[PDB]
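Encoded as structure tokens, the following chain is the form deposited without guanosine-5',3'-tetraphosphate, with no partner shown.
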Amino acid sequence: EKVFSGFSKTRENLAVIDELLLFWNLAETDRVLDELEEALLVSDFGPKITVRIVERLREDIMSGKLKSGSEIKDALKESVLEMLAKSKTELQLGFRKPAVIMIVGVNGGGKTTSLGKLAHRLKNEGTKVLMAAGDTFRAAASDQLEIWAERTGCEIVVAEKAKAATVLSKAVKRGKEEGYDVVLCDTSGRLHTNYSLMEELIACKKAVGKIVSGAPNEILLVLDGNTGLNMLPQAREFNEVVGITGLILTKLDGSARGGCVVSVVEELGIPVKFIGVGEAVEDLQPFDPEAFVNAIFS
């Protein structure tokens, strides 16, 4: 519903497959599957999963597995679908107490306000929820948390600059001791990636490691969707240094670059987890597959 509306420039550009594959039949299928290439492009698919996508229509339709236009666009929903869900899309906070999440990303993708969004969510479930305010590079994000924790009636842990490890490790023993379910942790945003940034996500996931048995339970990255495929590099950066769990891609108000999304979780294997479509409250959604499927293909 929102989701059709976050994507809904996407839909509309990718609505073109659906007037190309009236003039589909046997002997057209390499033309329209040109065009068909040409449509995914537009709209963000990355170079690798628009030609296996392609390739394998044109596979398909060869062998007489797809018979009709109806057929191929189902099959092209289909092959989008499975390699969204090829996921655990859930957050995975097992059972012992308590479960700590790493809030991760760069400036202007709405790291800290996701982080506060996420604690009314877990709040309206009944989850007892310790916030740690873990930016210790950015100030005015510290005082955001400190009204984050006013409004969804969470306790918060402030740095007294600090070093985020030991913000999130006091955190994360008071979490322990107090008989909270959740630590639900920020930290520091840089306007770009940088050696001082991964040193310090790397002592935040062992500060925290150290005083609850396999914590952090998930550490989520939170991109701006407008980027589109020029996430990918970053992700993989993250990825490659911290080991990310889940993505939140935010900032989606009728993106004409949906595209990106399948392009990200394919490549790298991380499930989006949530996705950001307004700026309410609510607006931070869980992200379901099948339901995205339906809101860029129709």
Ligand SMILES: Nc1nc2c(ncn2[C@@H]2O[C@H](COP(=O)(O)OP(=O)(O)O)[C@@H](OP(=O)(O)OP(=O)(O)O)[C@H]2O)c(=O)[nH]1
Second form
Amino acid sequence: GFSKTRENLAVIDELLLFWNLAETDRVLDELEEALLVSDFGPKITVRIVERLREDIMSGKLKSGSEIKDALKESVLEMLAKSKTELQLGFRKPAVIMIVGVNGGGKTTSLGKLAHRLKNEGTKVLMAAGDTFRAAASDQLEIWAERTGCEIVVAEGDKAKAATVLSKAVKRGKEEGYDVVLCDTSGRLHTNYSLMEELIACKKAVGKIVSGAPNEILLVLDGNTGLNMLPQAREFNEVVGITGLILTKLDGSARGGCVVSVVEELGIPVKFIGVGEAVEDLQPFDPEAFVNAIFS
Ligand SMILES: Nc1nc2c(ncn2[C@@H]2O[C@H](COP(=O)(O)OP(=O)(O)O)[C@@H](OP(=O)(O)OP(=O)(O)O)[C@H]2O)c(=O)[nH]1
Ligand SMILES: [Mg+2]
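Could you present the same protein in the form solved in complex with guanosine-5',3'-tetraphosphate, rather than the form deposited without guanosine-5',3'-tetraphosphate shown above?
After this comes the whole thing, all chains and molecules, with the earlier chain placed first.
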């Protein structure tokens, strides 16, 4: 879990061992390099390091360990200015939409999240709202069966996503479900009016339970997340994103990208994907994360 990042950032500890006032510029240049090699973006590394330099000059930081602590809390302040928990409220069912470009991990993140909720006694219905392919619903159907979830699939091939999602949330209300988890399409052709279809899913579920969707989670591959930020912002601006799922961070040496996307999007990360097994979805805790990568 970011163990590669922790190993790379550990050179900051060795550096700070021998810091003194005179060695400040050397230490920071080389702190900056360690943050940059991890995926801390240029804009925030400069702010972190310039904040450290201001606080060393004004005497607020007088030892290697104080500098290390201030680094950690400067990063924490950029992660957590925002709640990272799912807020499902009390009206039933709660509705969670998983959105994002195909390839990124929506369907697998959905099933892993369903497995967590079922471990918690939550009764979960899955909605196969990616109607592009038959194989998308069959893939989701595989997840519904090894997690104990019933699943609502489309009736015909030309079915709208909103149609399936509305049927599914209607069904979830009636059968006594706590949560309906909605898979959606992420067609990268995007001459497909993806945004439009997502807005129609949003309205369709809101007419069945006012307040739904309680969460719209944007799935972003953690390795290529810094690239598609324009696409992320479009999801957030047009649909409205309540949280991020950063996937494929298995043993990431790129832990800074978490900080960077959060800083740049202003959307909390709620879960990290760290592998392909059903349990490889971990809730995101900013303090635990900052401890994870800086020990
Ligand atoms: N290592 C790692 N891999 C992840 C993670 N999340 C998703 N993957 C993988 O990315 C691929 C795409 O996931 P999907 O869930 O189908 O993506 P999508 O719905 O957004 O289109 C899957 O593997 P696939 O090869 O495309 O298909 P399959 O493995 O399910 O057969 C899935 O296993 C993660 O956190 N860590
Ligand atoms: Mg999918």
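Basically, rigid core = biggest C-alpha set you can superpose within 1.5 Å across the two forms. Numbering follows the first chain given and starts at 1.
Core-superposed comparison between these two forms: CA of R257 displaced by 2 Å or more. A displacement of 2 angstroms or greater separates the C-alpha positions of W24 between these two forms, with the rigid core held in common. Once the rigid core is overlaid between these two forms, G64 counts among the residues whose Cα shifts by 2 Å or more.
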